[PDB]
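K.L.:
Letter by letter, the chains look like this.
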Amino acid sequence: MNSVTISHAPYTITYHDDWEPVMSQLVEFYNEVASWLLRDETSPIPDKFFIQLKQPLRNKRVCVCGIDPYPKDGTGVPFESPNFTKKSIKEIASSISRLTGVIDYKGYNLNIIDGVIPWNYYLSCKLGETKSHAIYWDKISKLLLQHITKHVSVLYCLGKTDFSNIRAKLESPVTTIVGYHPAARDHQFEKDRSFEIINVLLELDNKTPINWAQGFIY
Amino acid sequence: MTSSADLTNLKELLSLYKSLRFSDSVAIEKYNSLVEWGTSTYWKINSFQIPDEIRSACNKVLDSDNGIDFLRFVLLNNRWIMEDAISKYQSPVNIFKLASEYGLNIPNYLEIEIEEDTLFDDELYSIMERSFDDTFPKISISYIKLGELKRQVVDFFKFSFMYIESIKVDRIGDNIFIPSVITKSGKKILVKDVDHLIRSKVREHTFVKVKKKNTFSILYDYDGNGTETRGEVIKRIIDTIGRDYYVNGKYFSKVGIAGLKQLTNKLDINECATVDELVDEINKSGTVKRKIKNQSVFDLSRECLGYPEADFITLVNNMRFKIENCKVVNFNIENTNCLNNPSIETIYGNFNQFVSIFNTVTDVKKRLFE
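Sequence order for the protein chains is E and Y.
Taken in order, the first sequence gives residues 3 to 220; the numbers are from our numbering.
Taken in order, the second sequence gives residues -5 to 364; the numbers are from our numbering.
One chain only, chain E, in its complex shape:
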């Protein structure tokens, strides 16, 4: 629950203890970048970004890396939406309901499922476009990911071409596996099974499955 004040917006960083071996430098990398970031409005707004570092790292069992934040009205929570309007969460709930068996459902958000970290790789971007802030966040990301990958023994990257080399951008032979964007066309979540292998290498590492049903709203 520790805090540090930073140079620019939002001026405050409230990190859980699991994130303390890195917060030291995250401030260093931020003060020399933010002055540029905030020259334009962004989404999620500056009051977000690091929301998901107050969450623990020891309770976590898989992490899901969506390279990008929502180009139109995000909330600082990856794939999240209050009225189930956005496509990524839509298709994710679809291909999960496909295996669970219940298809009558209020809403969905991937955060509360125990063992999953919903993660962005670029912590924000300009409004209406994507990857427009890759020049700022790069080492920030690299650092967050080195930290997060030795807590969780799995990696599911969303993106067939963007997570193309990250094997070399991580130095621990973690179980890194690549997937495809479901919001993308050719119906890529129709041609890939993305789960049902999660609680399998969560098996061979002698560990508990993932509770894919708890994220449903009713």
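Each statement offered as a hint is correct.
Covered stretches of chain E, going by a simulated chain Y footprint (3 or more residues, C-beta under 8 Å):
id	region
1	171 to 179
2	201 to 209
Okay, derived cross-link-like pairs now, SDA-like style, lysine to any residue, Cα gap no bigger than 25 Å in a straight line:
id	chain 1	residue 1	chain 2	residue 2
3	Y	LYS321	Y	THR308
4	Y	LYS38	E	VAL64
5	Y	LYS260	Y	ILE170
6	E	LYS152	Y	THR(-4)
7	E	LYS62	Y	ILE39
8	Y	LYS186	Y	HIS199
9	Y	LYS38	E	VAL180
10	E	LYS152	Y	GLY32
11	Y	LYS38	E	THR151
12	E	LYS209	Y	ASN60
13	Y	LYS38	E	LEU206
14	E	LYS92	Y	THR(-4)
15	E	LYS89	Y	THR(-4)
16	E	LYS209	Y	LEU7
17	Y	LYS24	E	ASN201
18	Y	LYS5	E	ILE98
No lab work stands behind these hints: they were computed from the structure.
Cβ atoms here follow ideal geometry from the backbone N, Cα and C, with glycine treated the same way.
Starting from the structure of chain E, add chain Y where the hints point.
P.N.:
Leaving out everything else, chain Y in the frame of chain E:
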């Protein structure tokens, strides 16, 4: 890029991975090939009872590399001095450091980087011999080449005949002793345990083979004309050591409070350092008193020492005794054949402890129903 096929391969790995212990051959060969494939896709696929002081650190350093199947310790002077472990991929260079981090005695690792495989000579071992400073009697100069899982072993020595005059004990720890063979020429000679001493047929006032080395000199195994059966040796040495020591494990130990200790153990009570404390603890314990009452001093003082049921009797029925006040003061075995049985000599060497606990239980049983 992930399909159902990989799923099938990993499912077979799953099923037979912990049947690998005793699978059938095709399973083991399939596993050799699927550890192969999955590693690039799924990245995961005459020693005796060592008490726990060492087994805890063993359990930790065996987590350093799962190629580690055992640890190799040299037992010396009542110390477990590790030298390496049977690892399959991890060179022991981290392993002796680890074992040092976990409370395992390691040696003075002074390893000369060898380029061309060679065997050490006069200096080549002597100088390392000074640099080592082995307060432990380890005489194997072995060098690990990194890049292998074996060693290069060098040791040179002589042997001759030494004239023993008598045999001794020598305290090494808490209540523990060793034999130091004393020679007619005023020199002391070492041995490993009691059984090394036995196997030797060691006696007094004669010459025997001894392996003489510069830093240590060790009483050489036996090779001569053996007509003196084992039991005779056992009896002789048991008398020679004295009536105050029994044999615990590889070593001796004086008879003492350990009697009260074991006894308090057997009757589910508190430690009692003196005998009247004991009688009190029994007397206030109606159940313990009432479960003594039905018993005999003999059955009880042999159950507190775990002799099995019977061969104890083949022993007892082979000696004569000396009793006053229903209390053993002396005894002596007269037929030596039974000692040639293994299960018999373990009881014989461990006797004076039994005598003492017998006198004690006699006394408490007297004073209790007094």
